[PDB]
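Presented below, as structure tokens, is a lone chain in the form solved without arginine (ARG).
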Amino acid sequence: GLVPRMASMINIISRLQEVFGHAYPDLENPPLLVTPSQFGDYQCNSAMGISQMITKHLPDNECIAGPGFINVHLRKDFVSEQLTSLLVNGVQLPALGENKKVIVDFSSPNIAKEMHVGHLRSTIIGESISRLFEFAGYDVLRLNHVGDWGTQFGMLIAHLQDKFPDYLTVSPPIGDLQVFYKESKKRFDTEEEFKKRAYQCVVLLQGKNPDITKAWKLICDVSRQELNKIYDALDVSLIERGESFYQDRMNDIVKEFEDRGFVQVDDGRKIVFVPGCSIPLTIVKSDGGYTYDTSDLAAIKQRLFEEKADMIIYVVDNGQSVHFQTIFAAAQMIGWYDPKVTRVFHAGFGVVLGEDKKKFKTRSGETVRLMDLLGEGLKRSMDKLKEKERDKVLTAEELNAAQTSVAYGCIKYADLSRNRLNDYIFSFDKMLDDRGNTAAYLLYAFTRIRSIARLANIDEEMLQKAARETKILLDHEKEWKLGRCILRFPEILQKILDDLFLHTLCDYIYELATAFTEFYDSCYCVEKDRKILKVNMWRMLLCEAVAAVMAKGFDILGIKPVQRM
């Protein structure tokens, strides 16, 4: 019968913002600046604000210099209890006022076209943002807006009809879709009569023609197949919803702009100018055919009205910033959404680079095939393990557990740890390094923090009992630093909800890992006879709660921490 008012953490900054919130009277909205103090534990800075436009109104709560800094020290009664509440109840954020729906649109690869590294950024940023929003209690619809209705399907469907003539009955052992697309593209660039066929195959395909459609499905089935491998590997779940899903919807989209008089004719192109935007939406071109603008219009309508989303997040490359801004402007123009009522956001991200700070390419400058890139990430992860753990760690503990946890772990972390807007240097070396701010490090770091109570005959059940019984003592400085850090988690995950900048959680997890090594350096794991005299339970419990939070952090970034390495 649980109630909103909690067995879940407390965003301390949110609290202090309430405390000073009531603090002087009669104004319009004043600053409520509460920040961590790297001094005290937090500082307040409204002393610089409201001048112009002596905290005597300071109320009482159970949690409670220079130019205008109100250095704030947290009550140690309050902080210790919490760390316990985190252990008694596990790591959990306050849930919401509601179960608002959040749609994250990401990855969105084009079928028969090669999955490229920019898609990879997207999958990575997209998976993590969803998990943040999920862990924050939102209803998260992960949609994969797959490219599956382009003109390129024409040459493909025509080619399939040829090569596997009995495709409707049995067939087809298409095998590799890229080899196929490649063969089709050439017959298309050579055979003039085939080229004519291809275009008719799209006309027939848009025309909801029976036999042709099935031939399309089959081709989409070979790539749906090929992608699942990439999505398996990267641990990403996606409700598929490609550009075909809006075929019938796109028709009522052009009518709708027409009837409210937003469409204009030029070269037979139906186009929509949206005041303020530098470019126009082209919704139907001269040759009666639809464009991205048309499907993007239909989709955002489908997400806002049918899906009834409370927030839409487009994780798309920074190059399409003007494109989606204009789609977003159109949508307000026609009254599909009030932007004060519904968040429609473009989580944009920079382009991937090589180490030469030039665009990220290959051997000759070709397309980097993700499936190879992952494969390399795994090998190097393997080759890195052969010194010398291959035998120290066992069958499955290694076969994947450390290998995949590190490969896939680093790829995601090397991206996410940087501000997504900036361009991104892809460095196997730099990311796999065992030192400093990497996953190789933090995954290993996590092992140690759990190599403590394991190497002390302290089972989980005791710790479980110990949590609700032991009072977690917090008097040394270094345990105080570590403790105030641990409880910063909610104020971190809260900010990312507002601005989607995951590089801050990464900072925190590094800031927490390091804040831990300051604690084991030193507060004594167990006291020994110069045999064992005493079991520091609170210092054992301190290693948990660090590892708890570090573990939830890992999970949001979409990193799978392993137990041994």
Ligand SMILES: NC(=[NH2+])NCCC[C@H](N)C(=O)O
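Numbering follows the first chain given and starts at 1. Think of the rigid core as the biggest set of C-alphas that the two forms share within 1.5 Å after superposition. Compared with the form solved in complex with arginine (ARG):
- In the core-aligned comparison between these two forms, the C-alpha of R197 is the only one from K478, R197, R488, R418 that shifts by 2 Å or more.
- After superposition on the rigid core, the Cα of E387 moves by less than 2 Å between these two forms.
- Core-aligned CA deviation for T169 between these two forms: 2 Å or greater.
- Put the two forms on the same core and the Cα of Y337 is off by less than 2 Å between these two forms.
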Second form
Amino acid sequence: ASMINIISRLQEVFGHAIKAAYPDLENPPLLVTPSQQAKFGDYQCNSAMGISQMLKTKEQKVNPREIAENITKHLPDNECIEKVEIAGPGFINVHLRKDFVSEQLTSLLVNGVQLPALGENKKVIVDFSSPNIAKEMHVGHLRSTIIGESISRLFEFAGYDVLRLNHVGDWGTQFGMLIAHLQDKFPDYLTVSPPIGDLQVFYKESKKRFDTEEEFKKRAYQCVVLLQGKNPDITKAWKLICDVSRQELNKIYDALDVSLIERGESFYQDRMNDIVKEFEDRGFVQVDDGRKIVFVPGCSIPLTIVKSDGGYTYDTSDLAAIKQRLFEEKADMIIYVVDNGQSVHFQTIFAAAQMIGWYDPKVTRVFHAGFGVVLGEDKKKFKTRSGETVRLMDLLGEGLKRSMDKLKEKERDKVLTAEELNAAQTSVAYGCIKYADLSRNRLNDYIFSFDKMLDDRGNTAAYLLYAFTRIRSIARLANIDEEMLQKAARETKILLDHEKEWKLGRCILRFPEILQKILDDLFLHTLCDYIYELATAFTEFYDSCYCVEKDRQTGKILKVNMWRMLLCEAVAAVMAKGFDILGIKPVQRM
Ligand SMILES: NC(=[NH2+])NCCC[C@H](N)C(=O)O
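Please give the corresponding structure for the form solved in complex with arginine (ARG), as opposed to the form solved without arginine (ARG) shown earlier.
Let us now look at the entire complex, which starts with that chain.
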């Protein structure tokens, strides 16, 4: 059995009530939200304010308070509602039954923290990371990677069948000069696998040629046509160059703990020929300067689906890719995690796909989840002085360094070398790199700051991961092992008489409702906001309620309130999932 979405349950209850009080009213508002101040209950329903605002006319405006009255008068018998009260104009304040909350806290402790599955399976495709081969993967790709991983995890946790696609840029004209140069530098590449060093030095080598030698440029353009032509030798060089890129990428994905099925633009090369003919045959194609282009009614720009030279484009592959995901993959949802600079691009592509009838946005969710740019502390584009793209591995390396530094006051002397000399160091470094991104609205520009993100106090992974170790330490330092806790879970009636154990209990039980909202807006920062809220709710609890009494001298225990122990476990279980959804790896000791 799994956690219950209280907002959905409450919406279902007031739903039946409103239908009973006002049977002829259609699509009444059902805004149910958690109360911030315990004064006014645990949840609030505003539907009576919204209902009067529906029936509002020129001459007559019904009092919300009377509506509230009819609504509450028709509340069905339910398991979660203690009592309700009508407040102010017509706010409906909701108090949860103590039994319900207590029992649900127990339920997550015994069956673990988990979501109710989809009634029917659903396939979600998440298109993220997607660096360009031969060019340096940059912080834009980092964001996509971090955000996409966490989205994927969220839908997995929610029971969706998730396909993680790395839509890599491996079909550009970027390859012409690279291949030509490979051929010149390693004339035996066809047999002797060439020792390409850093792909970027090699790119820079061939780009100087590309920019200075007119005749070389021509070869490069031909290599691109031969590559599209599936020429064996040219294709072999393309594989060898991609191989080299792949091993570098795998370093980053392993570090970041990310799993991705590679499926670059090159994957769709056959399907692109069809895509072009299908737009031609349906009459959507216009010839312009030798280019085959497509105007989508409503859009600011046309799609270029074939260049003058017969070469396919980024528009061509996105069109091939969205089509195969709709028909072959039979996706119920496709999520594109790409920088906001490409909004216009994806808006036109989706428009193009609807125009030719590949999907109905009411039946299939197709969603561009964009994100703002990465800035330094100067509010200009995050670069390396000067003024070039920063190696992600360097970025990560600098994280691991600063994390260890933090730890050496003075924790190199408490923890195992494993506990520290990796577990805490890597956990904090990567956690802070992820948390600093995801904890802010993805849409906004993001100031990448090692100092802000590694800070021990406030909304950081450093605070939260530490708060997590403390919460675990309580049962640890009272010798209540995992078998005792599991046992206690099955037997102890969790008690919620204190103000702070009630605040904390009802906060814990909000986890499912938080996640479900994120499935709709794909705003992961509210999950962060909730982890932080949860930590704060815990600290307030702990500072008002003893989990163990040690009785002064000589401070050696002699009392364990097993229900406040369990509360601690429920907090950490929920925090642990949350971290997991964000791709954050909590440690035990730190
Ligand atoms: N379906 C997609 N277009 N996914 C994103 C591709 C991102 C592209 N490789 C870039 O560097 O900008």
